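The data below hold one chain only, encoded as structure tokens and taken in the form deposited in one PDB entry.
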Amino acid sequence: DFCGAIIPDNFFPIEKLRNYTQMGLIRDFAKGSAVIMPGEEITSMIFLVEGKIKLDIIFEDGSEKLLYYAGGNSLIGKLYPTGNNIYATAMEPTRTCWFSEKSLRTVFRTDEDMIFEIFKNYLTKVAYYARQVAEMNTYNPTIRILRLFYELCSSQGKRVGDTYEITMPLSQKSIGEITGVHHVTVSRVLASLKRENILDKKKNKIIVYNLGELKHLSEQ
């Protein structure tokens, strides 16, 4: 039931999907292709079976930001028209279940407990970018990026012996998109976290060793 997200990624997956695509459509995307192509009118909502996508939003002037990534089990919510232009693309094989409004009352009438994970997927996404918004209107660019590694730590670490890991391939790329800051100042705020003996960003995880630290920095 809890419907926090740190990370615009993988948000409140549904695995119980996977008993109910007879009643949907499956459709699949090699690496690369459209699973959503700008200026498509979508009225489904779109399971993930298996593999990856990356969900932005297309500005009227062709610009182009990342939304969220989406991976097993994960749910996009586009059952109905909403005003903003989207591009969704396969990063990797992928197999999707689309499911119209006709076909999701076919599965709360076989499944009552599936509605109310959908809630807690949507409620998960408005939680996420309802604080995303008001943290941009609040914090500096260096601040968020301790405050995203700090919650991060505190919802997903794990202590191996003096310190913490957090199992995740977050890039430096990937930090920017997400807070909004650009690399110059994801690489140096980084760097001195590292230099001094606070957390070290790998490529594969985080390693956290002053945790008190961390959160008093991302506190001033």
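Note that the rigid core is defined as the largest set of C-alphas that superpose within 1.5 Å between two forms. Numbering follows the first chain given and starts at 1. Compared with the form deposited in another entry:
When both forms sit on the same rigid core, the CA shifts between the two forms reach 2 angstroms or more only at 177 out of 177, 40, 64, 28. After superposition on the rigid core, the Cα atom of residue 152 is displaced by 2 Å or more between the two forms. Core-superposed comparison between the two forms: the CA of residue 49 stays below a 2 Å shift. The Cα position of residue 208 differs by 2 Å or more between the two forms after fitting on the rigid core.
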Given for the second form:
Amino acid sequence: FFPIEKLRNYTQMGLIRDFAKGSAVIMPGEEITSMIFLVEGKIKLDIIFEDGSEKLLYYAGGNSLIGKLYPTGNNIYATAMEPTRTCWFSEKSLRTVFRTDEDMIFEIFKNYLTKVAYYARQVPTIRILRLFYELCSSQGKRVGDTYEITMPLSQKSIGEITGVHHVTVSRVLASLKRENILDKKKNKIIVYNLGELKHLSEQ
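So that was the form deposited in one PDB entry. Now I'd like the form deposited in another entry, please.
Next up is only this chain, free of partner chains and other molecules.
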């Protein structure tokens, strides 16, 4: 959420806007010039790329600060997941805030430094499947009605090879295990359903 709690002390200088569940906080194509402080509730923020596709950007919760003051070239469609109270801060109202409390300039800076640092630090599932299939058909040994690949292939290495975030890699492997397709142990990979693994990798 990247909470900025101190901002609650200054909502009287912004404009309070309440949104019912499901109602749009930010309309598609809408032009936002205010920062949006989430005082209570939850908001889903999808992004809209130019072809027309729609992808979840991030959620926002209590004390989150979203919105913007100037154009960015990202089209945002934001939706209230529950009754939600917001406070909108134009550039003018932020000047008023800052003139009352200089430290609020740095509270907002810290928030955005922290945000940038997270995303930078973080900086497809089909690729993991392709890797396992390649490994199996090439290096897999038949042991009963399973294939075994002898290889210490850590979750981290899989991520570094396929260009996939560590969290998605854990998800994929848990899913492959849950569906009785493949079990990835420490020293071994055991393929239970080569047919389904292969099919899945050709997506």
